[PDB]
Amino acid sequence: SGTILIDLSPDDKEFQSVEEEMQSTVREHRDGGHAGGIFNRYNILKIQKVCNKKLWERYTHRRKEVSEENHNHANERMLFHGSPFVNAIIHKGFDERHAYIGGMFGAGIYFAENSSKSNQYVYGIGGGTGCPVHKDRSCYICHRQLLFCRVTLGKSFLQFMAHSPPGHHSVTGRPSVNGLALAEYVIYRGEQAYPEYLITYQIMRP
């Protein structure tokens, strides 16, 4: 592996930026905490910057290709990712080959602009079994991990699929009175995202 994790001082403005974004994007969900647990705040334990030259060159290369297909604009956004695979991803990069067939927008890798949404997916689809130790989707004890990722969206198709629709690079899923409540984002190519910050945390009891 080429990956090294550099720990950030809570003193650091880089930490405080990611901390602020994570806490501020939390929302009350429709499921009543069923999937991700009940909370309005996290206990931010550790923020590490992920450094891999090969993984970075994979990303910046793809980003250039998208820009030339999208009027010299990458449409780069910083978004959250949640999944069982976080420990794999920080070493090997995103891999679409492990994408899940069932999922509102087909076999892609899902992202959120709301940390609380991405949280729901950490122990699997709709929380799965919950935490390995207590089998509790609302565990306040077991430490969790999200990624705060640099994601190249390109020309994003809006919608309420194996790949992107033609002439598009992503899908922006959108709120729907009989569908989504917040925005999802989906890529169909692992090189269109970089896992930049690894966040270790727990959800807090009100």
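Whichever C-alpha set is largest while still superposing within 1.5 Å between the two forms counts as the rigid core. Positions refer to the first chain, counted from 1. What changes on going to the form deposited in another entry:
- Summarising the superposition on the core between these two forms, the listed residues 181, 45, 26, 51 contain exactly one with a Cα shift of 2 Å or larger, 181.
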Given for the second form:
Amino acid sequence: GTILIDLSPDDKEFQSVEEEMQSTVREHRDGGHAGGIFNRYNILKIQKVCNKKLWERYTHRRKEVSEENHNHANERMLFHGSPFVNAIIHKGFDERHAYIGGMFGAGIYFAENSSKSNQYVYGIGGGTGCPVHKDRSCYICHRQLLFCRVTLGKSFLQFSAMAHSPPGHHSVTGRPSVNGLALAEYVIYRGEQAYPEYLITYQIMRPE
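Cool, the form deposited in one PDB entry is there; where's the form deposited in another entry?
Only one chain is given; partner chains and other molecules are left out.
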């Protein structure tokens, strides 16, 4: 059911999505091990992800969460990186895209920092890196991220350095509490709480 629509870089919708991508890059405590060394991306393509079935699945759930939370979906646009981006855009999110070993439990994880999600493009800890060169910091190979609509609803705050939600809540927010530059990270426990709206194709760029 899915079809992908290119946006022109002249479109304002492309620009703002790129802006979110570029402006949420940060340094990472692993020195660049997982996701590579870079301060910004070369954006190659941005595509709107259109799937009626998956969209209705998502809004049906949103209406449920909103009605459980004083008419407040608490909807966000967050980044997701995953070896299964192609599956995700054709079949949507489910328990097979959960991060089983994640710090907030087995769930689908999302980031405010694009560079956080970029660490998961080739797998956990960056895996063995790009398939062609086995290089976690490859500047050549094309990477892909999803920018997603995510219904957090009532989010359980966890301060820090497929399962269920903690009862009474629809998601978990990983409020970062050591690194003063790191943004929040979020976890949902049902695929229906995210829609993979944009497929961003990019290369990380070697710093000057």
